[PDB]
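One protein chain omitted, others in place.
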Amino acid sequence: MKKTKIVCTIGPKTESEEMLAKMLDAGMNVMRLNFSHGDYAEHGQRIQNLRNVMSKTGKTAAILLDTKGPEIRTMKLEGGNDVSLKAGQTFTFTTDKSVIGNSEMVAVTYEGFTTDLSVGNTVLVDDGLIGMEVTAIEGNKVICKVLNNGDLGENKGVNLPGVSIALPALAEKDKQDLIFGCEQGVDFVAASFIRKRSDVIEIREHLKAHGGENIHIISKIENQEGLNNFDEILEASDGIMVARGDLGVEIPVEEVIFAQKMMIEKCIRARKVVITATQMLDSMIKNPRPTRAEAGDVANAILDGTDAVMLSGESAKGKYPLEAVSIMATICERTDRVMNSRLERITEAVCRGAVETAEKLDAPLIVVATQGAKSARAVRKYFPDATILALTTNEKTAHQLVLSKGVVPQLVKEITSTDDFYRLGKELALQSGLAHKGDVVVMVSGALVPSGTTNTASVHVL
Amino acid sequence: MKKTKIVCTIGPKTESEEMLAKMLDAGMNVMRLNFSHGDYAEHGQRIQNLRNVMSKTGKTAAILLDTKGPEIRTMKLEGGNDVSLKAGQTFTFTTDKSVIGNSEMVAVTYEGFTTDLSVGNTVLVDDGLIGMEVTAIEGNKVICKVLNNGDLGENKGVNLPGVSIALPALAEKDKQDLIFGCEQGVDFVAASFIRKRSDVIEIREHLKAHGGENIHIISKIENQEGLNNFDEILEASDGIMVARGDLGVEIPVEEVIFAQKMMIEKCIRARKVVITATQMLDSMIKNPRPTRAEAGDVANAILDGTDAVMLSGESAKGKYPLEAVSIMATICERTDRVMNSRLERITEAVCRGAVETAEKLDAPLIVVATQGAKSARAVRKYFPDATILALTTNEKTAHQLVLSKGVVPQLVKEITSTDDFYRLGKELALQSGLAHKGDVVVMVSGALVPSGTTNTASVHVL
Amino acid sequence: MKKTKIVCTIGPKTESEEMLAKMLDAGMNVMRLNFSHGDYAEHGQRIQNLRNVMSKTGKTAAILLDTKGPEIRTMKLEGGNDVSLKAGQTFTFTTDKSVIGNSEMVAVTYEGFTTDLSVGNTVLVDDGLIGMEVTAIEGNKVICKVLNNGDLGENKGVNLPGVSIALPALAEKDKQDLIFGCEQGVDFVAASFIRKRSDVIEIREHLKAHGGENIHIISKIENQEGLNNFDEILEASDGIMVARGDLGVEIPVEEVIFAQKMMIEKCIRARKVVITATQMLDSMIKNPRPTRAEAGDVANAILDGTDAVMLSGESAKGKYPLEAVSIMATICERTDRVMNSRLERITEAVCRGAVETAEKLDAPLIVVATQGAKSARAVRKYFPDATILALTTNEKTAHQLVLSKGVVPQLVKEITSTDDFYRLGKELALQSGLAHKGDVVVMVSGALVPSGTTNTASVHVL
Partner (left out) sequence: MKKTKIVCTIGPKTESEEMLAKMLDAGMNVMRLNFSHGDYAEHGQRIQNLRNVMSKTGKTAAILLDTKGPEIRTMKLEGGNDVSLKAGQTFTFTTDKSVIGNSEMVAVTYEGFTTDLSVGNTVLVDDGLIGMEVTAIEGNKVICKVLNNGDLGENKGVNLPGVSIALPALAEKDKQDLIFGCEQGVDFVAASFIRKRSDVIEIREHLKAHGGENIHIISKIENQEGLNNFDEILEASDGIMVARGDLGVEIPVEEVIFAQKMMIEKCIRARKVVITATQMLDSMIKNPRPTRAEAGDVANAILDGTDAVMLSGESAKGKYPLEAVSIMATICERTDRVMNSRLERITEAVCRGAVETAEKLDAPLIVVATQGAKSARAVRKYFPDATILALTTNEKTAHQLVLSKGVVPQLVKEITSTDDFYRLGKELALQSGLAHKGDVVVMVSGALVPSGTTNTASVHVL
């Protein structure tokens, strides 16, 4: 009965066909492959297992490849031992990768570190554990003053709040991973650390060069530059992933919530899927129940209007994966049921009216003859109470629509005319079990128009 | 182009093919035949002339037969001389037709005069010129005391305010006139003096017995009983003619305006055509310009929301028929221009939305695939800015639709599917000159439903 | 109790104290003195009689002086005999007053006749009975070609549609009549034939020179120029009288209705009283009942939203004055009953809210502490269901408020504070019989602000 869709990162604990089947029962809609870890063999087997489960059970799911992305990391230390940095001390980064670190200096992986930073900038190390202020940049060195005590381990992430970083759109490993995703025909690519329009285009060109022109690109917004260029990025993307955890290190902490609300709102208006991700039910890596706060955070993202919510470690490596999917579905069901429609160009006019009509006739189902995703998403924009049954002849579209809120996709052989759509949609509506004899359904399609124009709405009794 | 339709009574000055053609140019939509006068040869000729003009010019118009109706009239007087009745005097009516009248007593045409009146009732003679109060009823005599001074001529109408009168629905001449109308295939019958549901029913059974089952019945509301039973009468009728002059004699004068507003409103809700008639431009029997008051009365009837307005003597016998049609058309245009749409069943929902959609996309035209008149009338109910182009395969339906406001009917060979309707309706929309390349049109129809269900709305660019 | 106010022209049949008292009972609110007729003794007596009736009965009423105005009239004819002008013939007007007229030429009263006309202009004689087109202007002659057959009598009015006429704002007799009005302390002056701002100004400077600075000026809009400059005229005037009969001769007939609606709307927005006048119940000069049309015309004027309606000959000379007032009152009540409030400056905000508050609490009465008329008119603008009880310390203001719709004025000694107003207004509200123990009243006033600012609204239970 839930409308919000659930993305599950699959890992060792959940990769078996047995587990995947149980995950789908519990509410999983989309499989996420986190390419920060694993090799092509492991990920290939996971894709294989899901498609076996789908083939045998007739259930639908989508597959999402989440790239590792480019990053700035610190490097190694003397004796591999942590060093204890003291507030007020001088500390230096070097772009020289050959340097082994200690309490006074460590190397970073990114050659451009000296270029992109400025005296006065803040360097955060290890998810903001240690904060430092740059006091001088000299040759290949960024000299800083440590702001807080902390322990520096080896290989830790670095964040540069408010700095535009000249890392490439794709790491070299990323480029290979994307070829793999095309080879495997994944449905979505979630691109890490997206900062500007040109990153999305570079990814679009790379997928297109390997037969991936139909793979939808979900841009992960992670830093202030991403936020600044959000509209540009949304325009070029097929969707957005809101990386709350990263944003919590990169922008003022009181802003993260409104960045999440802003981005979701704009994706709905733009008719593009949005996924709310990171720091959802993390405590369930270890515990069989989430915290009150985690429950409240998930629900408010649903109320904000996200299409989907995402599980990370709690479904890949955690001790209670099935519990975490199940309680997620419960939060989804509980929250979805109290949401109302938002009624506030030909396509917007017809779809908005179609929903308004569905509500005024207490119609449980809106049947959409979707060319691509556009038409089903144009109905979903107004948050219908009714479920969207989206008829498509395109198998990739069927998979991709799994991610949109309240959309039930249906693969069909063909629809040759508008009246055939009405005849066929009424049958498939009854067959779906989503509606019954005597219910009203509203039927949406294009007629005598190019694909991706919706110009027709029709009311039928089953 | 005006939206309000003009009914013109045709008489000796306007019956030629030459005049009818010029009447149509001036704005006439419907020819009214007043069967109070003329014989079958004269009326048949008028019907023939119009149909010739229609064939030669390709213009569409409907034909309306208006019955004389049953009436109560006074009788003859000694020496055929007017007599002066004095307020307070005794005066008696007799049902004995043989009696010649004088200052003390006159005969009436209706035997039921004694039965239907009651001591205390008011008797009005000659359009309320002389008013009388019944003081006794005895045998075949109704004794009254005169209320006001006035002069009593021969053969004058009698009105009995607030009295239920037991005249038959149809006079004997009416029954013959109606068969003539069936033989001649008129589009409308306007039945005079309708008082209750059963009157409408008796007329329908008379028509259905002579092949007139497709002739629409317009009930003329003329008295208090008619007003009391208006809902019943509307339900049974195809439309209503508001006879303001008659109502001014039967009900209190300050009520006539609201009785016209009430009746017009309810006809629109019911999707049934309404004509505002009587005392429109009567001064133009004699003069080439109407009165300020006359222009204002007509305009407020259009503003009340009438489908059509009617010319009587001013187009049948008057000295300036074309002047009267023309200035009527001018008022219709001037008043139609400032009217707005009125936005609040599957049919109701779809049609209301189609109009809302038209306005929101600035569509000049709503194209309706009408099964009978219901569907075009269902769109017209919301007073669209857009003109209604009504496709129908039935020639009688096409004629009848001429009387509905803002409706242009179009006879078509057939439409075999919904996509066929769109293809054809776009062609016909361009051909009509009513819309042009690049305009938006909204196309309304039924799909996989019984006739007289409207369940589909579709938006197209020409 | 009706809300719309009735202006009655008083003449020989209605001037006695006996009749005036009965006129007030029947619904008269304002006495109109038509200075086209009567001398100062007669009018002074009418003023005296009313004021006697007012003192004896404690009823309130206002007095309105209506000027004759400047006019253009034709002159004398040979043997004083009508002449028959034939369409197409040449006919000449001369500014030479000494000329006696005939079939070919007549004199007019206005020398400026040559100046203001132009070849091509239309000249109308005798309320548009005969229409003429100027073909040449030469010396003191305006040569025309007659457009329609008609009979030309002596001393008939001339109208020049669409022409700007350079008559003075006031005739010489008018100037004397206005001083008389100042001496007599009338409440209103209705200025005839107002055409532009400067006419209103010249009348105000004439009044202010004779102690009339507090006499409200009602501008009579009678022709096209007046309509063109309406905003200017409204700005300068205290109110507007709509002279429908005159406008029917000056502008195209289908426009008169909308000119009445436009003018009434703008008066309401401007918080300035409007009177709908001319051609109301004229048939009741002769008959004891009006026409259906007459009743409908009056009612639509109230529905348009007029403050007041006016009786002319029917109450001055007619055979049935009390009948005409009574049936007018009946129409006012019947029409006022079905009208709703019209909810959309500090004053605007407070007054609009006070009405909204009244309706939401079902308050029968809004009590206004009015500095001059502005504040009561500011409440009246929204057409409250509640009656307006207007407290004022100024006796002239009290009289003038009689003309505003739904306003009951009340003369008070004083109100020294806001809490005093509430105490007193609750007492007076009960005393008025307009509200009762337990009713809610809304009390509107200014507090710590210049007069004519309304900034305070207060709700009390009686």
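As written, the chain order gives the labels A, B and C, with residue 1 at the start of each chain.
Heads up, the rule we're going with is that a residue touches a chain if its C-beta (ideal position, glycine included) is under 8 Å from a C-beta of that chain, and two chains touch if they have at least 3 such contacts.
The chain not displayed here makes contact, within the full complex, with A, C. Considering A:300, A:341, A:393 or A:394, the position touching the chain not shown turns out to be A:300 (whole complex). Of the listed residues C:388, C:402 or C:457, the one in contact with the hidden chain in the full complex is C:457.
Listed residues A:165, A:234 or A:327: the one in touch with the omitted chain is A:327.
If you put the hidden chain back, the residue from C:94, C:224, C:357 or C:410 that touches it is C:357. The residue from A:27, A:239, A:290 or A:406 that touches the chain not shown here is A:290. Interface residues of chain A facing the missing partner chain: 128, 148, 244-245, 247-248, 253-258, 260, 279, 288-297, 299-300, 327, 330-331, 334-335, 338. Take chain C: the residues that touch the chain left off the picture are 346, 349-350, 353, 356-357, 360-361, 417-419, 422-423, 426, 440, 447-449, 455-461.
Everything that follows uses one rule, which is that only the chains that are shown with their structure count from here on.
Spacing of chain A relative to chain C, judged by their CA centroids, is 72 angstrom.
Separating the CA-averaged centres of chain A and chain B is a span of 66 Å. The geometric centre of chain B is 38 Å away from that of chain C, both derived from CA atoms.
Residue positions of chain C with contacts to 2 or more other chains are absent.
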